[PDB]
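Number of protein chains: 2
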Amino acid sequence: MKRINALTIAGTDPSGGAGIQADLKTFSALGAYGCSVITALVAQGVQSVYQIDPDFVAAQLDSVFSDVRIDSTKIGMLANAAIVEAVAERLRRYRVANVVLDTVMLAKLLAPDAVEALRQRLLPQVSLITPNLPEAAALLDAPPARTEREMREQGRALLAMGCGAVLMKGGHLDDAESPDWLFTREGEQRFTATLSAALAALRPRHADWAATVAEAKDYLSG
Amino acid sequence: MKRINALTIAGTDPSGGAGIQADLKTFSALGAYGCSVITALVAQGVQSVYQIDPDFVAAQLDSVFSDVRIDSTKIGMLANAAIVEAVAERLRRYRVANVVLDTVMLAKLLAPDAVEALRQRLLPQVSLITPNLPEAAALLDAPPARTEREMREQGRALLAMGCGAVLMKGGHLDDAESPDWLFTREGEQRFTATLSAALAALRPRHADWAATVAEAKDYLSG
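Just so you know, the protein sequences line up as chains A and B, in that order. Residue numbering for the first sequence follows our numbering, starting at 8 and increasing by one per position. Residue numbering for the second sequence follows our numbering, starting at 8 and increasing by one per position.
No lab work stands behind these hints: they were computed from the structure. Do not take every clue at face value.
Identical copies go unnamed one by one, so any copy, or any two together, can satisfy a pair.
What the hints assert, rightly or not - Keeping only pairs whose Cα atoms sit at most 25 Å apart, straight-line, the calculated SDA-like set for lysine to any residue is:
no., residue 1, residue 2
1, 115, 66
2, 32, 12
3, 115, 60
4, 115, 188
Let's have the full structure, built from the sequences with the hints guiding it.
Below is the structure:
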């Protein structure tokens, strides 16, 4: 197997359950070399006030992109708009192949101009978004989907909006055993039942997003 | 084996070779559960300018110390004096058992009041420091040691200064196969040939620092 360098750009999790820590563990478990850029603090009550220097994120980006070839990148929480701009500009200049964006910033405290910058500058540089029902609804400015039919309608609308690929996570569906739906130019796939990092790490080892999502769900199952 | 929760408080390393990333990997490899608080950016040319919000470190500390019982803690680079104060105050209030301080801030850009705060507030809360020859010399305000005799003199002077335990890393000695020297109230031990994190993770599983250092060096060897 060839060397795959995966980069996670997300919040730090002091407990290690999520954030760049869990992303790096997932990268290593799936046979990829992991780099990380901390851009926020993952929430655990509410959070206390803090800020992230965009120059701190920029120095981290200098370190990663001067040293190794980045094959794929997961993106999570970004604390402010300047950080969004810096991430989008670096990904544009280096043309990272597979960018999976966890849309946690949607439907969530955080600055609204950060979400605006995400819409304007970062989404063009993203190969795949993995929104849940509230995040997809906020991204389309539409009522949240209640059925699989509405999920597929919204996934097709997101594809038409410009996204290269969408993985609509249906867990918020009122029906138990909620499926995920993958929408790409090659079609639509239903999936039955960490995730963004697994997708980023596994995408180079496949020819499409469908097999990538399949193997990622298999790993996340056991 | 009982559950041991190790906390690393140090810089983030985007490449993963050092910093909290390598500390967490060492924690997990040595059978300890790892938490992390990012307090700086590990250097890789010189570094670009950035700052770390002390409120960001404080929010991370809130997250860690509200959730799990911390048995040991490694401390690395701290970016400014306010961060040093916050770390020292939290460790004092929670009385963390085994605090291993990597003295990278000594003999190193960084604010001098950060080093002053390290001397004033943090050193009383530290169970073990692991200085190399320049760091120990700067901590004692003395010429760097050139012989093992001078190493042991400086280790004894550091013990008399108030440190509970010192691990003088002798790698900077002009003679190859440079040894390390452990100085505690129970005596002195010579050792022949990551490290701070290994010491933090392994100290709860022993009755003294000598066996801890022995097993840590054995792990770091192979």
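Given identical chains, is residue 115 near residue 66, meaning Cα to Cα at most 25 Å, within a copy, between copies, both, or neither? Classified as between: cross-chain Cα gap 19 Å, same-chain 27 Å, threshold 25 Å.
Check residue 32 against residue 12 for me: Cα-Cα at most 25 Å, and say if that holds within a copy, between copies, both or neither. both (13 Å within a copy, 18 Å between copies)
Which holds for residue 115 with residue 60 at a C-alpha limit of 25 Å: within a copy, between copies, both or neither? Cα proximity of residue 115 and residue 60: in one copy and across copies (21 Å, 23 Å).
Within, between, both or neither: residue 115, residue 188 at alpha-carbon 25 Å: Within one copy only: 22 Å inside a chain, 53 Å across chains, cut-off 25 Å.
Comparing the model with each earlier hint shows no violations; every hint is respected.
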